[PDB]
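Starting off, we have a lone chain in the form deposited in one PDB entry, written out as structure tokens.
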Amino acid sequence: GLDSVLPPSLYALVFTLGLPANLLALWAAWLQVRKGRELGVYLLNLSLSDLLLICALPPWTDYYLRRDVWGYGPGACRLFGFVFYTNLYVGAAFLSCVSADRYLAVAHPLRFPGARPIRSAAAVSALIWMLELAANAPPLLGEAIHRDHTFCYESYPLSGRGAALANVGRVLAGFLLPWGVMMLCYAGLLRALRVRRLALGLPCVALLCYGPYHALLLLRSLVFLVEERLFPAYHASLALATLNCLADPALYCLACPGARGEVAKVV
């Protein structure tokens, strides 16, 4: 329906103008690590993930555009689910680490960050990917999604044992802990600094692109455990969880000098 219909037009306009921004973010994040900034590696990782997953649209926006619920038998849905799961969970983890890092810089005393150089940040960036890739699937039973206008990740078995309670787990572990840590970082930053506007754009951005998804999943899950027109809504929620990728490079590059640096780099 129409609540299905708008996402693909937003999609026509996200890949076109959201690849340059995430390329330039990587440029600036390197030229900060070459400067020794312990913070440029996080933006390197985040821009890598965003750049990888922006070229993965002509599968997903294709099937969500070619009216393909299962255009492939067993192969389409597994790939689509893996892509979306990893995309949004990586985005969340990178924003959360960026927030805790900037908190340590601005507000925290020398004690913790002075012993936090670039080698430490490379270690934690490896750990995040390792956890996200290795520990995602064993909590999916090894048979994650199956038969399914449904979008990518969508399916049609009754949730059962492998879908519902694990959805409650994924909502309360992919959203609440990251959101809580960003909020505690922001409130503590204010408790010290009363670079202060920026540092509260990330939690709001993460919410406005990954909050309705978690809440509407939670409702889908606690309705059952304890869907006619309620379904056109899940497409809009997925479009939010998509367009976060466009949102983030605009916020990160808010300080004006980076714009000139990148432009002079390219033009």
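Under this definition, the rigid core comprises the largest set of C-alpha atoms superposing within 1.5 Å between the forms. Positions refer to the first chain, counted from 1. First, how it differs from the form deposited in another entry.
With the core held fixed by superposition, the comparison between these two forms singles out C77 as the only member of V90, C77, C185, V98 whose CA moves by at least 2 angstroms.
In a rigid-core overlay of the protein, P59 has its C-alpha displaced by under 2 Å between these two forms.
Superposition on the rigid core between these two forms places the CA atom of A259 2 Å or more away from its counterpart. After superposing the rigid core, the Cα of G211 is displaced by less than 2 Å between these two forms.
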Second form
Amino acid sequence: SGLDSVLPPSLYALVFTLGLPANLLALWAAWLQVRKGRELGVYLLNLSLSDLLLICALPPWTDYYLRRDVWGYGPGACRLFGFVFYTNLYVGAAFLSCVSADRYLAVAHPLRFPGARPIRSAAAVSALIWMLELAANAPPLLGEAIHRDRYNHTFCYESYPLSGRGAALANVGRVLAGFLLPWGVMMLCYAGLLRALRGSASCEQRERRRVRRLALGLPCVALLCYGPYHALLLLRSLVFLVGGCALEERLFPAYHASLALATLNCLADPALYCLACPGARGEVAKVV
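Switch from the form deposited in one PDB entry to the form deposited in another entry and print that structure.
Excluded here are partners and other molecules; the one chain stands alone.
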């Protein structure tokens, strides 16, 4: 423990230096197309909102890491900032899944979707998702924020080892129902999208490769970002449910490296979902 002094702050600083303008421009692009009756715009709006809140959560965590694990700001700040961070993390994946499902429906069933006040249903689903995520991430706020230990740490929302299966089954549920359910929906919906346009006489060979690249890539980018953290969480938890602090002492730097890589997906989502799209980039040019 204690070789987290370089990497997490580096990634957090890069995020706060580029994503915040990127997230702001993506948010403006998303709003500019909700005005034009679109219902992917609300999903993108909520996604960019979640990314912005995560970015605002970042700097206290940067100080928490650089100051060698202590939470100087006090117990309440631990609850607020940890709650914001760990809830926006899953809200992003849920809204990525919603975007994937919406695109899949609009492509596979063109003459029947959406057709009936598209914006309201999408806003209702967005509100329902936010309610579910907050209701799932409230119990960790129900417990003690800070755990002081001997070795100059004073943890916030972390325990090494964990505390008696109460956090452990919560962690396994959080893994299997905040990742690998929405990522599974992502992969299946994008595969269905790339399968439903096989048989279309309009699409050429060239236009089909673009969709193939996008459909295979966005699940892959999301997995490469949110995978190390959740694999490590599932590993620690499934071990806790089966050897001192040997395991944790081994995989601790890997754990926080994984968390930094996971929060790195606040530059990828704005890029891929705003600048890659020709229409959104066009409004972005009008945005500037």
